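Single chain ahead, written as structure tokens, the form deposited in one PDB entry.
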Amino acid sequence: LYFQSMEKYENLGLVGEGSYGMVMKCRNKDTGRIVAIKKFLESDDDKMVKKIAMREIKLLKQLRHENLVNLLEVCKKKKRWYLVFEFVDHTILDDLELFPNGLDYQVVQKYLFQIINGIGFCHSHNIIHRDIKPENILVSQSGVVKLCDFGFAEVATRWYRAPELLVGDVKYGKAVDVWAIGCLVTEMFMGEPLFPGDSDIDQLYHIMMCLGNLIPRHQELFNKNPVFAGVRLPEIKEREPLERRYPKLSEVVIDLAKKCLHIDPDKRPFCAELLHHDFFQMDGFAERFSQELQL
């Protein structure tokens, strides 16, 4: 773990103009290339957290894929460590600012294909993201998706959280990322969030209005938790299915979203199985696009 110097970097702005906190957009004075810099460790005197930080850096160095943000170097200034990543030119929210009523069908296919490839690679290594959202789906000048801000390195948005996260189930796994992917499908097509809750309970209400009652395990976790004393989740006798909410979306798109958003985590597809879906396979999109990305 060679540490490099922060002296070669000059501040251009904050990445996202504050919406990400203290993540500095910087230029390398020697090469002209642009980076994102985030503080990683407050003090390397603390030998306990030091060891944990070095473990995480080792993972970041090994976890290399075309759809993951590139860690370039680790810098040390005094006792603090900073991670320096390749700066990626925009995010999917930038696309949606230009097109606030939704993106082009083929644009959605290309972005979801790459998100799935990136998450699938992580899953193949037993790495869960756990915090997928539009603000961490970066997009290069050439349209390559770069994922970032994995849940291994509040008023935090709950909009993409699966039911198992919302009730605090310790048995969550890879299926949380498939759920978040499902949330992205309608949002990229329609230009609005699927389930924009403002708390754990509100989020659950939004989910349940559409998708019905939770699995028994999850309802039990909710009902046994003292934090939710005095509050109940709704009985749903009449839900509002996705196709009623978005009657102009094709059946193929709705079907993909519905599979990802199964209320039972065990009945969601594996991330990699998503690429088998008609949404990607129709007209040979998938083979054609794969060959394109290589070439």
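Throughout, rigid core stands for the largest set of C-alpha atoms superposing within 1.5 Å between the two forms. Positions refer to the first chain, counted from 1. First, how it differs from the form deposited in another entry.
After superposition on the rigid core, the C-alpha displacement between the two forms reaches 2 Å or more for just one residue among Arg244, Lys29, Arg64, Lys267, namely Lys29. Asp46: CA moves 2 Å or more between the two forms after rigid-core fitting. After superposing the rigid core, the Cα of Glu73 is displaced by 2 Å or more between the two forms. The rigid-core alignment places the CA of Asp283 less than 2 Å apart between the two forms.
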Contents of the next structure:
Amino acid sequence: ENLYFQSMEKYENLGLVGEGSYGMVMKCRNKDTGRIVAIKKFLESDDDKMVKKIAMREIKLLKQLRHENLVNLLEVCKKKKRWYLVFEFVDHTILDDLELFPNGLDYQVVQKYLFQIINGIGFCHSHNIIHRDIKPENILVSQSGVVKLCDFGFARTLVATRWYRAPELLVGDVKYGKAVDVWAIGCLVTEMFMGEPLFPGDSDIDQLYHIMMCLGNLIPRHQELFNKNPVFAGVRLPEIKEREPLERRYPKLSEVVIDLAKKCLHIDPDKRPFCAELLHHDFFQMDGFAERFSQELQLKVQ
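One more: the block was the form deposited in one PDB entry; return the form deposited in another entry.
Next up is only this chain, free of partner chains and other molecules.
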């Protein structure tokens, strides 16, 4: 179809990005233009016509996912029978800012970051794409403060921190949906403002304890799935008789912020707001921040 390959000869491999965290993604310099890029091996051999078919479907989708708040595909290169995808390289993550401000970020800074994260995730959701692994490491930040989300999870293409995982993911619900990303965003609301993870569990069951001692008992579906899931070895969930609400843990946080977080962190995934509804929240709409920042975000056009 419409897919033409560039050359790997112009790139110099400077090493793996993020000390190898995101896998075999190579930080590369384009020796023709000086641009720095992120290159991932994509296909081991285009000799297999079936693997080739699947690969071109994915490239077609990656091209449709061009957005100011996503790491974008720049080109595809071919070396021998291998394919490589070239994406943008972004220098910093939101971790760098959290490390500078360990007692919480500035209010407007959180507005700008969350607006962009929700904008980027909402765009993917409109293409029926779920990230499923939002965390500070995957939220890149350009020198200009433009957020670029990276490492989305793609279906039909075929240890890790659990702090941002929704209850449906923890209990093994295969009917999870876009609401898992909204849960992850709600986890980031309090983290950015307070300088500490909301639910820093060290196992799936420990993560569930963190969540429910704050937010209460799970919906019936998730308790039943938990009881059937063999990874929990017949163990049973705790019964919450007096949760500790977010505003009790963080009594200084504004009502508007606690409302935003509570909505994203609804125990029932179906009662969480969509990403678009999140941008209409008072947190973003008060004093016309959304209008102003939306036009301000024309630093995307350099």
